[PDB]
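Here's the letter readout for the chains.
2 protein chains.
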Amino acid sequence: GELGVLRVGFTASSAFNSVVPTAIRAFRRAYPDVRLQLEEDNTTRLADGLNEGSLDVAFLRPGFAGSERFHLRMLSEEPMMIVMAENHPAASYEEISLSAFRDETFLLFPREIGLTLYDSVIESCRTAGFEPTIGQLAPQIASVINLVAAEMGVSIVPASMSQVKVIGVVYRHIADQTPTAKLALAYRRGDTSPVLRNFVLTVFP
Amino acid sequence: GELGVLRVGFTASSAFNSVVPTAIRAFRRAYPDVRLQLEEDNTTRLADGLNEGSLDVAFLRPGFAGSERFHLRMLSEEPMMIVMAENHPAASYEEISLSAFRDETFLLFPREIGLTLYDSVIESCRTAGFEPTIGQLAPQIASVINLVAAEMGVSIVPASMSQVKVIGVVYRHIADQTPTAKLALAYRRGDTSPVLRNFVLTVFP
Ligand SMILES: C=C(CC(=O)O)C(=O)O
Ligand SMILES: C=C(CC(=O)O)C(=O)O
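From first to last, the protein sequence lines are chains A and A'. A prime marks a further copy of an entry chain.
Offset between the first sequence (1-based) and the authors' numbering: plus 87.
Offset between the second sequence (1-based) and the authors' numbering: plus 87.
Don't take each hint at face value.
Stated by the list, open to error - Partial list, computed: chain A residues near chain A' (C-beta under 10 angstroms):
{"#": "1", "residue": "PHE103"}
{"#": "2", "residue": "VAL107"}
{"#": "3", "residue": "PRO108"}
{"#": "4", "residue": "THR109"}
{"#": "5", "residue": "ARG115"}
{"#": "6", "residue": "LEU123"}
{"#": "7", "residue": "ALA225"}
{"#": "8", "residue": "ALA229"}
{"#": "9", "residue": "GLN250"}
{"#": "10", "residue": "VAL251"}
{"#": "11", "residue": "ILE254"}
{"#": "12", "residue": "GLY255"}
Claimed, not checked - In silico DSS-like pairs for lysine-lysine, Cα to Cα no more than 25 angstroms straight-line:
{"#": "13", "chain 1": "A", "residue 1": "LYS252", "chain 2": "A'", "residue 2": "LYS269"}
{"#": "14", "chain 1": "A'", "residue 1": "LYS269", "chain 2": "A'", "residue 2": "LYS252"}
{"#": "15", "chain 1": "A", "residue 1": "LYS252", "chain 2": "A", "residue 2": "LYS269"}
{"#": "16", "chain 1": "A", "residue 1": "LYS269", "chain 2": "A'", "residue 2": "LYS269"}
{"#": "17", "chain 1": "A'", "residue 1": "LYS252", "chain 2": "A", "residue 2": "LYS252"}
Stated by the list, open to error - Per label pair, the in silico range of CB-to-CB distance:
{"#": "18", "chain 1": "A", "residue 1": "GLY153", "chain 2": "A'", "residue 2": "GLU182", "range": "52 to 58 angstroms"}
{"#": "19", "chain 1": "A'", "residue 1": "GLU164", "chain 2": "A", "residue 2": "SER179", "range": "35 to 41 angstroms"}
{"#": "20", "chain 1": "A'", "residue 1": "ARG276", "chain 2": "A", "residue 2": "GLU199", "range": "32 to 38 angstroms"}
{"#": "21", "chain 1": "A'", "residue 1": "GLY91", "chain 2": "A", "residue 2": "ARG160", "range": "42 to 48 angstroms"}
{"#": "22", "chain 1": "A", "residue 1": "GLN124", "chain 2": "A'", "residue 2": "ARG213", "range": "23 to 29 angstroms"}
{"#": "23", "chain 1": "A", "residue 1": "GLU173", "chain 2": "A'", "residue 2": "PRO176", "range": "46 to 52 angstroms"}
{"#": "24", "chain 1": "A", "residue 1": "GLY140", "chain 2": "A'", "residue 2": "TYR180", "range": "42 to 48 angstroms"}
{"#": "25", "chain 1": "A", "residue 1": "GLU155", "chain 2": "A'", "residue 2": "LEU224", "range": "31 to 37 angstroms"}
{"#": "26", "chain 1": "A", "residue 1": "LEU288", "chain 2": "A'", "residue 2": "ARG198", "range": "28 to 34 angstroms"}
Since the hints were derived computationally from the structure, they do not count as laboratory data.
Every residue gets a Cβ at the ideal spot worked out from N, C-alpha and C, and that includes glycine.
Build the full structure now, drawing on both the sequences and the hints.
Structure, rendered in structure tokens:
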């Protein structure tokens, strides 16, 4: 499996986690004659792509319905952080608890694209003792961060999204809970393709 | 047109330009009873969405084939910048000329999603006197930046993408040419909807 093409998907936020570019670069160097066709889409779409054979492997968020039909190998777990406007009152706090936002508007992406990550944001607020008020939905976490800059609310994001230094936003660690965003390598059961095997073994030497 | 829904599209990179969140927030405050349905997609898809009626207005890049069928109002022009790995030899230069990359690999997004921006990157290199070697394609400019962090090549991006401070990349202004990335508000000709009118007049008071 030194020649051919591999269709590799990942979520938009997952690309900001170092494991994704690290794996892509490592595979390209070890197997230069395998063309990587890269697709950026959310976990719901990536799982469907794996199921229908339009993707060969994906960096996605584990836990979705039917995930037991695929192989899932954990690649990164990272804390979740609050993103807020620089002038938000909580930005002056020495320690940030989620209860400070019990009456704040949360911006999010539409649940249907990534149920597990969306639900983990809601449950984080529930663990802090409140039902969050969800305001404007935006398509991706980067889109949400840009609306946070316009003071439309706050959000909770994978820690690696703190690289997205939109002017006028700040990222803070959460004093509660330690909610975590998870990234796994996903691929079909009983797909014995040697190219896929070479990719999986590159990601997990 | 104080009630209803407006379907608003924008490209993933365009959200990092302040005009997009500024306009969305201003409209939401002036017309709270109009629901904004936000879609993030590239200029090719946004133009098709406007044509088929699945979008009402878009922040897109002007110049595409058939653009004369729509209204296009310029909203922002910004310089384009080089994004490269922090350890690239040109990162030490006092002034950055595109000819320094004449033998470097350029990473880009697939041309079909945004012909005008893609072609402006190629022509920038041509104006500098070389045909660029295009390496790995990634789906969006943010995806490309993350691969630049893995030292897979360099790219040219709208200046506002310099907010995307992926660890291990740097952004530099270009000594040549002044290549510019353009953002326009696009909507259908002869669409007399009062909600759309209210949005357009919010963006251009
Ligand atoms: C918005 C999401 C959630 C998902 O696709 O699982 C992401 O960027 O990872
Ligand atoms: C990749 C592009 C080009 C386009 O969609 O016109 C962008 O993010 O703006």
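Exercise. Quick one, are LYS269(A) and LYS269(A') close enough, alpha carbons at most 25 angstroms?
Worked result: It is violated: about 36 angstroms lies between the C-alpha atoms, which goes past 25 angstroms.
For this session: Take the C-beta atom of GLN124(A) and the C-beta atom of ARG213(A'), compute their distance, and say whether it sits inside 23 to 29 angstroms.
Result: Given a distance of about 27 angstroms, which is inside 23 to 29 angstroms, the answer is holds.
Exercise. Do the numbers back the hint for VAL251(A), that is, is its least Cβ distance to chain A' under 10 angstroms?
Worked result: holds (6 angstroms)
Exercise. Is the straight-line distance between the alpha-carbon of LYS252(A) and that of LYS269(A) 25 angstroms or less?
Worked result: holds (22 angstroms)
Exercise. Is the gap between the beta carbons of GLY153(A) and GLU182(A') within 52 to 58 angstroms?
Worked result: Holds, at about 55 angstroms.
Exercise. Holds or violated: 28 to 34 angstroms for the Cβ distance of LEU288(A) and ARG198(A')?
Worked result: With Cβ atoms ~33 angstroms apart, the hint holds.
Exercise. Holds or violated: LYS252(A') with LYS252(A), Cα cutoff 25 angstroms?
Worked result: holds (6 angstroms)
Problem set entry | Per-residue hint verdict: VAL107(A), partner chain A', C-beta under 10 angstroms | holds (7 angstroms)
For this session: Could you say whether the range 35 to 41 angstroms given as a hint is met by the Cβ separation of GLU164(A') and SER179(A)?
Result: holds (37 angstroms)
For this session: Starting from the range 31 to 37 angstroms, see whether the pair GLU155(A) and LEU224(A') falls in it by beta-carbon distance.
Result: holds (33 angstroms)
For this session: Identify whether the interface hint at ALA225(A) stands, where standing means a beta carbon of chain A' within less than 10 angstroms of its own.
Result: This interface hint holds because 5 angstroms falls under the 10 angstroms limit.
For this session: Tell me if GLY255(A) is really an interface residue toward chain A', meaning its C-beta lies closer than 10 angstroms to one of theirs.
Result: holds (9 angstroms)
In the structure shown, a violation is registered for the earlier hints numbered 16, 23, in ascending order.
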